[PDB]
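Below you will find one chain, with nothing else, as structure tokens; this is the form solved without its partner chain, and questions on how it binds or moves follow later.
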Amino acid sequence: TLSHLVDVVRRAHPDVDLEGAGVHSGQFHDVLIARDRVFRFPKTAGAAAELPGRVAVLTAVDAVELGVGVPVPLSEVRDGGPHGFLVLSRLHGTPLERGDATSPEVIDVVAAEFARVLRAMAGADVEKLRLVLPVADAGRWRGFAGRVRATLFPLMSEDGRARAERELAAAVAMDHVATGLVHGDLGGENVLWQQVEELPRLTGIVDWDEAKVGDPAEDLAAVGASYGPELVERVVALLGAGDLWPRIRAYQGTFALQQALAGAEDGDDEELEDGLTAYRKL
């Protein structure tokens, strides 16, 4: 097929060199990663409704004015190829390694790069975002707990189950907050940085698949898990978000179960095993 998809790209985008071009497939989508450009090709008539969804999410997030790049639709969605395609900008930069992020001469700059984005996200017009983006569901953690018990509890030690029930409970116990833009997966791999005159600059954020109107504590939890307490304390201090700590820890206590449940539901055995290590001694 990919020579057809390449045929579609060469026909629509004659300039694009597919020699040494990234390729990421699936049951859902083929993606050609060119130099300046990404091409998403749905595989079924159903997955094609993703394309306007991706446009609408990226357009709404762009309209918030985060102060950092997000992928831009470079074309309209087109009905070329079997089920249509979308051309997005490619953002440049690299994830910050935890040791680079936390050096004493950069940790203040890194904290403020996270803070200025998170502040703009927390301050988004949620009345506008709610017409386009998903909204955090108040029942979300009760549902998640049901699935973790159905799917993962059998594979656990008794101690594993006791530990999981406490972590699931801290999440179910949170009152519902839907006051801001939430990226929803703001681990370090999704945040791109460049050295700008010898100091880190947060230049782009990618992978807006889980974006929603939600709780700003959820993205602080992810920053904390990727970079550790020294960085997230500085981000929280700068934002004046010290009231959020109990919610931040409740999100973080769910990250291994989130990983394990995803592993099971997605057939990724490494994620399932890695997620479950704290929940079985055997």
Contents of the next structure:
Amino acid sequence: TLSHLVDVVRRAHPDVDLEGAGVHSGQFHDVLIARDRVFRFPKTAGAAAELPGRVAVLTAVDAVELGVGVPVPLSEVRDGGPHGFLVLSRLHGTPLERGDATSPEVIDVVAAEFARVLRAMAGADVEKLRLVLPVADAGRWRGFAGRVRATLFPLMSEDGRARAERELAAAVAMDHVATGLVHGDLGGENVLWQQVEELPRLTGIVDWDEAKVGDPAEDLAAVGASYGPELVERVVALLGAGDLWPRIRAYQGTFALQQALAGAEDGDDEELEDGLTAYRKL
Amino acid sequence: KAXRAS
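Target state, the form deposited with its partner chain bound; input state, the form solved without its partner chain:
The complete assembly is shown below, putting the previous chain first.
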């Protein structure tokens, strides 16, 4: 009952307008959005464990000093509400539209905004991160391949399965890399910009759910998926990461199948359909 | 979700 949660918040934080306040819901978490603050309320007592999990990931990422904002716990985890709640900062800024990011007058600025963040992520103390974050597992793509063949291959054309087998294989073939912080989903929607004296500034990165000690190529793949090779070539040039192109393409070739598999597993029909379109005719 | 990975 969002009524109770509303009272929980007003009681704990009297001065926080919940009229015209966002709400995300799922069988796991309720989230009230406000001007400067996000309130997360777990639904089960097991899902309560997500709260210190989120605090631990965000604190470890903050400690790397990326030079851009990440969500900040604004409160201790509290055992108020049904199964606890956590107050996080709300970051300001908007994703860069593909059109905006690529203009000749801003493309170099955008490339360096991505580069300075990715550079800081690659320079993270991995021994510290490895204690808190998930660590890329050598069996990850093997296992992912298994679940795609079991769950999605039946829904595909023969041409679909051939294409999917090549894309799965390129990922399974990659040698294991765990050398820095990886966001794991660094598409445009999770990267927030403001016009600062009439040029873009990357001010925030949100949604660290897939954060891990892993392969820097995975974040470059995601930037490529959102903004195209013109931008990623400039980021790679700046980083001196020309070595990574095969790995970047291997990650990018799994993105439609990742979305399809999640659509099947999450029971989202539109994600399943959208993910599979290149892998069948009808 | 969504093509980037979600």
